[PDB]
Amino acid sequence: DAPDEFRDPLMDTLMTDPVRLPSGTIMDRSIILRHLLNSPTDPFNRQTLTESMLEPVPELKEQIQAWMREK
């Protein structure tokens, strides 16, 4: 299994492409972008959210790729 900080909020899925929202939530880029196709909102607190507000988390993305190298 994988540590919680490498997984999407509430989910079992590994974030291969983590992004931070302005609120502080970190989640996979592929989830939040598909949510934004339907609604211009942060899905958790309902604030306005657009794609340009998302930030990469390079150190976490690298740490996750490093963890994937344990097979």
Given for the second form:
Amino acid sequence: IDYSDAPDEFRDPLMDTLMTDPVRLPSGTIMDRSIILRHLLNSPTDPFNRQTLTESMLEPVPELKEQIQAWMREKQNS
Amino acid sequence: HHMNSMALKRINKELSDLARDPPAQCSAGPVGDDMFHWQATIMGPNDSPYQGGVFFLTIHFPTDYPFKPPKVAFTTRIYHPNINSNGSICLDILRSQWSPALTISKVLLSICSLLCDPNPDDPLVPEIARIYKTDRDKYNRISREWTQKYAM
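Same protein, different state: after the form solved without its partner chain, show the form solved in complex with its partner chain.
Expanding to the full complex; the earlier chain stays at the top.
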């Protein structure tokens, strides 16, 4: 079953899905690697500031990931 | 497909966000049952010659939404340099200039702020574009003449 319910934040800016591999664009925006990657196939640009963007420029955000994983773990009780 | 269910999930939020927040003079909903097919309505800005008239649109969402821009156009006839007999609209936002961050709510506004101020240097209907440039009075009059018989 399971769902979300997710505390925003974890949620993707575009699709509002739960993230599984958060990354930060140069923009300072945090996106799910999966989503953003699909955007880069069409146009090599940040989907916000419309500045040039490539995979290389994506830095991972573990702090949040663990935060999500731990959250998913808590959502395994009761 | 998976990229289908996803695009849909987004479309849904957009619709839920037009309920928690309706744009200025703008209204849009699914044509019932089909989610990738919406109709939109516009109350004709009061800073335009279309003031009063109600103009209907059709929004067809790509299955790759929002990665690909939504196809949208007028059903209602309207006198404007950037809208032609078919219903086509001339907005960069709807062509090569569309960002996945853009939403329907946003687009409608972009369209209204076009009915108030048209871009005649890049016109969909040259004949009209020349009237706008040379003789505004003509334009405004005509725009209303059409808003009169077509949009009411």
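By rigid core we mean the largest C-alpha set that fits within 1.5 Å across both forms. Numbering follows the first chain given and starts at 1. Shifts are known only where both forms have a C-alpha.
No residue of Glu62, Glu51, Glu55, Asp12 other than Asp12 has its CA displaced by 2 Å or more between the two forms when the core is superposed.
Comparing between the two forms on a rigid core frame, one finds that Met27 has its C-alpha moved by 0.8 Å. Listed in sequence order, the runs of at least 3 residues with C-alpha movement of 2 Å or more between the two forms, after fitting the core, amount to a single one: 10-12.
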